[PDB]
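Chemist: The primary structure of each chain is shown beneath.
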Amino acid sequence: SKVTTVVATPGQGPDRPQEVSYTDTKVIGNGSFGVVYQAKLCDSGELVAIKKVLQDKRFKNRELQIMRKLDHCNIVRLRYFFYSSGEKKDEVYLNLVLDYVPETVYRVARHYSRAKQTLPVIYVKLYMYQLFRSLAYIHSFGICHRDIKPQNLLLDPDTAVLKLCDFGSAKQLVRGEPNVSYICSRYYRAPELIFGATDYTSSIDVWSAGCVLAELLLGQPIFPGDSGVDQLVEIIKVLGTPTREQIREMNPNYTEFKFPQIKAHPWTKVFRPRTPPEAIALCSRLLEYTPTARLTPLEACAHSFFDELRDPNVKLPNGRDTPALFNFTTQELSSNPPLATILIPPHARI
Amino acid sequence: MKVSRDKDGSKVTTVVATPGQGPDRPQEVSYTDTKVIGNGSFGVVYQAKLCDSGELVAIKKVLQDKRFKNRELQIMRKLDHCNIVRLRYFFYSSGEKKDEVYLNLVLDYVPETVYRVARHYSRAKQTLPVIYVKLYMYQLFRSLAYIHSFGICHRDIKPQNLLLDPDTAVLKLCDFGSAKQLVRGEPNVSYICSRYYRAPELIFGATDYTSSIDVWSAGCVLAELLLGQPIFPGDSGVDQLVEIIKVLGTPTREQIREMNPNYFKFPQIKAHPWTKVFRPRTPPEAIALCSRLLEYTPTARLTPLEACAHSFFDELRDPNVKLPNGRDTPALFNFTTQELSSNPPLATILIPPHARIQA
Ligand SMILES: Nc1ncnc2c1ncn2[C@@H]1O[C@H](COP(=O)(O)OP(=O)(O)NP(=O)(O)O)[C@@H](O)[C@H]1O
Ligand SMILES: Nc1ncnc2c1ncn2[C@@H]1O[C@H](COP(=O)(O)OP(=O)(O)NP(=O)(O)O)[C@@H](O)[C@H]1O
Ligand SMILES: [Mg+2]
Ligand SMILES: [Mg+2]
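Chain order of the listed sequences is H and E.
Numbering of the first sequence is given in our numbering, commencing with residue 1 and proceeding in unit increments.
Numbering of the second sequence is given in our numbering, commencing with residue 1 and proceeding in unit increments.
To be clear, the hints were calculated from the coordinates, so they are not data collected in a lab.
Wrong hints could be hidden among the right ones.
[What the hints assert, rightly or not] Restricting the straight-line Cα-Cα distance to at most 25 Å, the calculated cross-link-like pairs of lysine to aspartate or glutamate (DMTMM-like) are:
| hint | chain 1 | residue 1 | chain 2 | residue 2 |
| --- | --- | --- | --- | --- |
| 1 | E | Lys98 | E | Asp33 |
| 2 | H | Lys258 | E | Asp65 |
| 3 | H | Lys263 | E | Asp99 |
| 4 | H | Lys237 | E | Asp235 |
| 5 | H | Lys171 | E | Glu243 |
| 6 | E | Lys69 | E | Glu186 |
| 7 | H | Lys52 | E | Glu243 |
Given these sequences and hints, build the entire structure.
Modeler: Have a look at this one:
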């Protein structure tokens, strides 16, 4: 019954701090940057995640700046933020108070692989669709996540709601500005990243999404490797050897450097039999060498693989209705507004 | 597998093999009891028993591009050193893919790796006796002094590529599949080397890196053998640089220039005292060596040969030094002119008085 009370600034709206009291503080996670706690708001009894990172008081926190602009049902909500000091004197910590979300795609996928089963396709559809909406939204602001991986896909198992989280690697990509190639986790890195390109687009997130789709179908990572070399060999084993043109599209400086000559492995034979053709088709349009050839997130949402989600009789296996799938805004559809006639089916929102 | 026969039940494979070193006088080689001991992205390693001598060999089988000559082969053919796994002979064959050529490298079989040994001690919540840390690392630094003296950078120094005889304490560097001759001015790919062992210039995507990346990697192996876990783990380069920065502290503008000139936004963190990184009673000489290997500035790192001459290895130069199991240490002082070429005067430290005594 130990209560902590802070004066915390709401994430959205005007910069108007209020007194916030919370209790039942326990460490849900540790990342390189800092610790994540669970806590219960005293007023509502609602559970929150508090992400605590060391802050260079001088400069502004990019993660905070980005999350204050984000309002989407498939992105974890910033409820408050506040500053605290401890450990070393003169060390200030930024605290992000987020909606608590009990599971991850990582943990749920790990359960099914440990028990020798695959995630039922209905969840692959729900989870990937919600990921592609969250990407469609941030990409419409020029914001690239740059760390799309199962650990950063939060899940409410009861409602089947997915929330994208962890904007610590996130950055507004501006044409002609170079960006670091050393972002994004091992198995989910786009080939242009592995080739050390600094002129990459938001399409790195689509490749990462494709790696998550493939992984949920296979029950293991599709492009594993301890080195970039090992990863590229695993990519080449599936896509075949990239053409000199395809290489120019990824990183032009790496044309003269050479790798084994291999023909593309048929996508249908990459996955087990009775993996739905539409799932396989979508993968092939996400995991493309040429960044500009990859589907956009919004195009991905409109893919036939997600048609079951647009069926008026679709239900969760636990009997509940699907979560919000169709509450698109103008911002979200801006990349291609005509897709609205596919994305919003006749039965939705009337 | 050119010709296959049966001998008292056992399957015998007979091949015609080109010798590793010497003129091309083909040798007839017969082996049995084939089993898999290793996999890679583009490689399979078998154990096999030679029919006559009964002695074990490793056969690394890799797909051969008909276009170009195999770089791993070209490099291994040039190498003769007691701390580098010997290419006995090589032969071509068919394999898993019909109409495809496979290069087979027949190597000395070595039963263990630093990876497997380190893992045994980690699981049992022990650390390797420091005499083994000294022997393994010293032998690694000799292997790197030798290849670097030909301008050849390994580019994949990691515990899994360090073969061990546990009884003799002999270490052999293996896996020249990433190895290349670095030529000042020629660019090189930044996506080589296993993730935990990658030098910061590689993480920053440099293409003008020197053989000193192998010294960083060996620094990571030493630290890991002292800690019982990787010193700089991370799923992303970002995560790895955070771990590096937590120890080394934030790199100066000039340190970043020395690593990759092209390259931002990392916490202003002060250096952790290296002493507080390792368990209490870690030999100070071990910690000093680490600090001189794991430097941001590639040129500031010790050369392999300077590493060998470091005070951490003084116990190896003691004339009364034995393995715990009572046996003599392996050869540590049989240096060649080639091996010493980077700094011949270091011989005055490297070859101890007792090793110069007249026979
Ligand atoms: N809102 C939340 N609710 C519940 N768990 C959360 C929440 N946010 C983060 N976590 C958990 O804490 C982990 C780490 O949080 P994250 O936001 O990724 O911090 P980080 O320290 O920046 N990690 P990373 O950037 O991936 O190296 C996540 O993968 C989740 O398992
Ligand atoms: N001479 C040998 N004797 C015994 N085991 C060996 C020998 N050579 C290799 N191995 C084993 O096989 C593993 C792989 O060998 P390696 O030559 O690295 O092949 P690879 O398929 O190219 N692997 P890698 O490049 O690291 O991804 C080593 O880590 C050892 O465990
Ligand atoms: Mg995360
Ligand atoms: Mg290896």
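Chemist: Each of the hints needs a verdict: does it hold here or not?
Modeler: Evaluation of the provided hints:
Under the criterion of a C-alpha separation no larger than 25 Å, the hint pairing E:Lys98 with E:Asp33 is consistent with the structure, at around 24 Å. Restraint check for H:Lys258 and E:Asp65: the C-alpha separation of about 11 Å stays at or below 25 Å, so the hint holds. Restraint check for H:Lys263 and E:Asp99: satisfied, since their Cα atoms lie roughly 14 Å apart, inside the 25 Å limit. A distance of roughly 23 Å separates the Cα atoms of H:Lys237 and E:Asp235; the hinted pair therefore holds under the 25 Å criterion.
Our distance criterion of 25 Å between C-alpha atoms is met by H:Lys171 and E:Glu243, whose separation comes to about 22 Å. The straight-line distance between the Cα atoms of E:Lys69 and E:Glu186 is roughly 20 Å, inside the 25 Å bound, and the hint therefore holds. About 18 Å separates the Cα atoms of H:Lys52 and E:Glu243, which keeps this hinted pair within 25 Å; it holds.
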